[PDB]
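One chain is shown next in structure tokens, namely the form deposited in one PDB entry.
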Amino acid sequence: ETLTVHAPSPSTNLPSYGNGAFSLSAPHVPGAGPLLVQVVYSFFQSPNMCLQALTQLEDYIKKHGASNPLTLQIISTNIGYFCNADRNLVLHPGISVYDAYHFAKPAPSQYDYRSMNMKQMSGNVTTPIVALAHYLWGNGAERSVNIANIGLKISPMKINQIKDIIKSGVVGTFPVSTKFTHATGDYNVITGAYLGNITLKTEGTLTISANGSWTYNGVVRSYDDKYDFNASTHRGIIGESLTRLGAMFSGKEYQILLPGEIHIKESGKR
């Protein structure tokens, strides 16, 4: 019968992340000055800022109680901080996750989910927690992320181009047109967590040379129209955090849209 967490709103949001009691913390580096500024800037670009945040939420529940009102305030506020930052990243592309999280207007503690929530997610490291947001509070509404933002790394050796073990190469030219399943969770802990396994389509050329070396020059887009956000679809360590949290609190399954197209070129040797 699970617990409800109040959506982020000025009316209920705590004044700061962790209400002061805990914080996002970079790795330790000796020194002072602008050096330390770089350290926190790069830490907000790491997937570890997302894992730390989730872990610190999980840790606080264990220590204080899932139904403790303050815990419930903390889940809501903290997620909202992520929701606000991810909003800044969508509305100001190519800016730093740090500056997105810390942009003073609008105030991050004044984030209002009901009026501010967006279909579009950035695909940056903030997105997994925002994906949790939309489960908690989205009411099965549809979301979206561009495939150009999910940090795709293709390894043609895992596709249908692997049927080059036929040694036929060269050339040089081999037309490729295939659908394939791609496990983002295998290498990308951000994307794996909320998208997990996706189905992709690729058209392009495979260039194998006389000495076993090969290049695949092609285009990738989503094969399936949509993907389900539920516990069975989460992949990787962060996905596991999402699953444990989502079981504990009330929410609704939704679909995520994956539009757009990328260009890849990937080489190797037999």
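In this text, rigid core is short for the largest set of C-alphas that superpose within 1.5 Å between two forms. Positions refer to the first chain, counted from 1. Compared with the form deposited in another entry:
Measuring CA movement between these two forms with the rigid core aligned, the set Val170, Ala148, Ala141, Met116 has one residue at 2 Å or more: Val170. With the core held fixed between these two forms, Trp214 has its Cα displaced by at least 2 Å.
Output the form deposited in another entry next; the form deposited in one PDB entry has already been displayed.
Here we give the lone chain, stripped of any partners or molecules.
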């Protein structure tokens, strides 16, 4: 059935992401002249780097075959890069993905999943591949991403503050305490990929003035302790890539804790 991708390990990893034949790097913008680090840096910060890496895996698989030992090594190795990068991002929050990815320290090609895999994922753009890494090699171990790291964009207008706000037309200060489904994949292709639809609890204070202006000051944490990482829960185009890869390769579903709480200060006008 599904093919086993070897856990990244110095003993199985290729010397290089893409076996050096391809690299994760910013799109070739024709007529933009030489690719400069800023582009690439920004690219690495972007979800697109994650899409690209996965796209590259998928493309490599398309060209070479999923069961192709090199494909497997490339998947393992390339995903190791992401694991490595994500490790570095987890260890050093606030560093750019480009940095975590490229330096590195320890060499991404030396990435050893068994020894190095982390339960925590950065939530950064590397995360969906790491999440896939964990599917492949995680042996079903729970992972976590802190909810503060999953780039939640909460729109109170999409939560039961909506009711307080959206006509009701109540004025004043209202306790909010509600849960809501939150399709991270609606706006966050990274978080959507691996957390997709989450359920958040928010508790806070919705203040609405008579002019429709409202502020929601609240905490958001996950309503569910964890989320399954599997085909069904991925959302968004990166999620789809995980699904396709996850469908081809042996892995174990596992759950992703979404611990932590974010404080949100949202505002809008009715």
